[PDB]
Amino acid sequence: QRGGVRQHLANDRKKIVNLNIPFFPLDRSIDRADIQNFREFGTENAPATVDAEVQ
Amino acid sequence: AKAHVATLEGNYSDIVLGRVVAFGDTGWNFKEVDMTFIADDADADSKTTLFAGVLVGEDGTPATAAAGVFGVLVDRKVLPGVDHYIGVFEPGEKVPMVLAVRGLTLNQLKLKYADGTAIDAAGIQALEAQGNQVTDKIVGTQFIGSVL
Amino acid sequence: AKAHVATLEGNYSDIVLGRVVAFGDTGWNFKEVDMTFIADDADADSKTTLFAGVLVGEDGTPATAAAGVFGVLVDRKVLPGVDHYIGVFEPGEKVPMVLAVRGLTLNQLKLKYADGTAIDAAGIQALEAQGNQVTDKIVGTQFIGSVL
Amino acid sequence: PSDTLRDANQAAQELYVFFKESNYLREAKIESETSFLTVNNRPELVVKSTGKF
Numbered sequence: 057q058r059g060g061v062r063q064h065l066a067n068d069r070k071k072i073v074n075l076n077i078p079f080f081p082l083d084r085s086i087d088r089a090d091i092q093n094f095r096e097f098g099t100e101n102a103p104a105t106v107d108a109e110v111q
Numbered sequence: 002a003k004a005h006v007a008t009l010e011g012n013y014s015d016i017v018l019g020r021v022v023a024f025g026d027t028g029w030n031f032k033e034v035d036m037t038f039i040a041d042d043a044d045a046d047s048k049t050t051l052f053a054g055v056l057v058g059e060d061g062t063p064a065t066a067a068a069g070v071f072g073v074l075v076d077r078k079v080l081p082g083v084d085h086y087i088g089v090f091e092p093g094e095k096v097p098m099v100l101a102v103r104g105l106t107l108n109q110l111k112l113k114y115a116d117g118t119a120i121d122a123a124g125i126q127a128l129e130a131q132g133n134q135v136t137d138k139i140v141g142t143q144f145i146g147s148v149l
Numbered sequence: 002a003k004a005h006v007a008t009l010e011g012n013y014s015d016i017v018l019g020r021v022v023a024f025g026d027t028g029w030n031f032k033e034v035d036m037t038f039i040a041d042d043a044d045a046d047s048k049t050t051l052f053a054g055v056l057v058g059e060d061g062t063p064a065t066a067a068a069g070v071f072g073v074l075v076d077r078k079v080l081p082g083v084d085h086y087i088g089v090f091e092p093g094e095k096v097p098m099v100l101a102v103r104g105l106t107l108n109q110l111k112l113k114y115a116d117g118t119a120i121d122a123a124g125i126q127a128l129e130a131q132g133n134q135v136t137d138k139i140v141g142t143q144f145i146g147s148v149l
Numbered sequence: 278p279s280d281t282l283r284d285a286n287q288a289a290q291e292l293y294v295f296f297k298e299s300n301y302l303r304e305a306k307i308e309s310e311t312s313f314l315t316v317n318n319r320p321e322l323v324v325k326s327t328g329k330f
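Protein chains in written order, with the UniProt record's numbering: chain D, 57 to 111; chain B, 2 to 149; chain Y, 2 to 149; chain E, 278 to 330.
Hints should not be assumed to be uniformly reliable.
With a straight-line cut-off of 20 Å between C-alpha atoms, the simulated EDC-like cross-links for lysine to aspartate or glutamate are [unchecked claim]: (1) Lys48/B - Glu33/Y; (2) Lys3/B - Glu129/Y; (3) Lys3/Y - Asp137/B; (4) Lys95/Y - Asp15/Y; (5) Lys113/B - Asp76/B; (6) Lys32/Y - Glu91/Y; (7) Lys95/Y - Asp137/Y; (8) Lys70/D - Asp44/B; (9) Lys306/E - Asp41/B; (10) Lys111/Y - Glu91/Y.
Non-contacting residues of chain Y with respect to chain B, defined by C-beta distances greater than 10 Å in every case (computed) [what the hints assert, rightly or not]: (11) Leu18; (12) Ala40; (13) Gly88; (14) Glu91; (15) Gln109.
Since the hints were derived computationally from the structure, they do not count as laboratory data. We treat Cβ as the ideally placed atom computed from N, Cα and C, and that holds for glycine.
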């Protein structure tokens, strides 16, 4: 109604949060026995080499 | 792993919506009282049960009945997001508190008795005698999800 | 009125003084178990009561006497200066925890039983049999007020 | 009109917005007023249809 009381406004919301993170390892080793007398399997006669397994 | 979450709703200017600001003085509307902050039987680390809008009588004891309503607590230590007073005061300690008394416009959605009850008609009529406007008539808000 | 103060003393290295590093495997010394992070009777989103150094059995339950001692709790989640996990785990839930059981130079003073009692001789013997050194040769520290 | 002595009998306007900063540097307020009526002069020409499924 004209001349009477007015109205008033409201307010908004706020929020906050936190989070963690996981971890993923991976590893392998190399031993002498894996290369001693085994051929380079992809060829006729060449002996096995360490780098061929590292790669 | 439910995340640690914090929130906020509401400001100071939601119980107090306007004054009759006096020229000569600015403290005309307010009054100071001494109230028990931490219950005098609980422990130090207990958080205070006082909240903005809780009715207070002439003495510093929030009222649960119409016959003792005097003012509305609007102290700055109990506003949203202000909490850093865990354990600052020993149980049974008394702190000076501010009360709105006269010359103010008050929202009745937030006025409540000490136990959490809403303000009844008798409480309103007892608070208007001080010279206060009890509005209601508030727009509110609707957030995402509502079509409007 | 009291003031708010927080303090920090001690680190990870103060419990694990020395470690034997195996060239071909870095995780040799440690073993994972599962533990009840929040006691099943704890209030909704309480604070845990585990701490670094508490002796636990292989099952994961904290040990009360020598027979139940298998390793030392050394997880990152319980170091003195860390606080993230409040309410993150529901009461009675279990989360993997890291123990250290092989090849360590362990402090003797920091290790505690489930109830906070200091480590006895039988527990020391049981922990040593696994292949761990228990030594109390710790210099200590003096801060102020005493002419060192 | 806006129901204000400044223009109580002038031509109306769609929306009034007042920003009043109180001089004594302790409070401020925002006010806004609007008034209008919507009229459907020919209700006979609108037909509603209920759909049965």
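Cross-check of the supplied hints:
Proposed proximity of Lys48/B and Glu33/Y is contradicted: the alpha carbons are some 39 Å apart, above 20 Å. Distance restraint check for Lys3/B and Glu129/Y: the Cα-Cα separation of roughly 39 Å exceeds the 20 Å cut-off, and the hinted pair is therefore not satisfied. For the proposed pair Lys3/Y and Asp137/B, the alpha carbon gap of about 40 Å is over 20 Å, so the pair is violated. Taking the CA atoms of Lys95/Y and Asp15/Y, the gap is about 27 Å. The hint is violated against a cut of 20 Å.
Simply put, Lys113/B and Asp76/B have alpha-carbon atoms about 15 Å apart, close enough for the 20 Å limit, and the pair holds. Only pairs whose Cα atoms come within 20 Å are accepted, and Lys32/Y paired with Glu91/Y is rejected, the gap being roughly 24 Å. Proximity of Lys95/Y to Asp137/Y is assessed by CA-CA distance (about 33 Å); at most 20 Å being required, the pair is judged violated. Using a Cα cut-off of 20 Å, the hinted pair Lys70/D and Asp44/B is violated, with the two alpha carbons roughly 31 Å apart.
Distance check on the hinted pair: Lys306/E and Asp41/B sit about 41 Å apart at the alpha-carbon level, beyond 20 Å; violated. Straight-line distance between C-alpha atoms of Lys111/Y and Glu91/Y comes to about 28 Å, which puts the hinted pair past the 20 Å bound. The claim that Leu18/Y lies off the interface holds: its Cβ sits roughly 33 Å from the closest Cβ of chain B, which is beyond the 10 Å cut-off. The Cβ of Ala40/Y lies farther than 10 Å from every Cβ of chain B, with a closest approach of about 18 Å, so its non-interface assignment holds.
With a minimum CB-CB distance of about 6 Å to chain B, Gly88/Y fails to clear the 10 Å threshold, and the non-interface call is violated. A beta-carbon of chain B comes within 10 Å of the beta-carbon of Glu91/Y; the shortest separation is about 8 Å. The Cβ of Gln109/Y sits about 34 Å from the closest Cβ of chain B, beyond the 10 Å cut-off, so the non-interface label holds.
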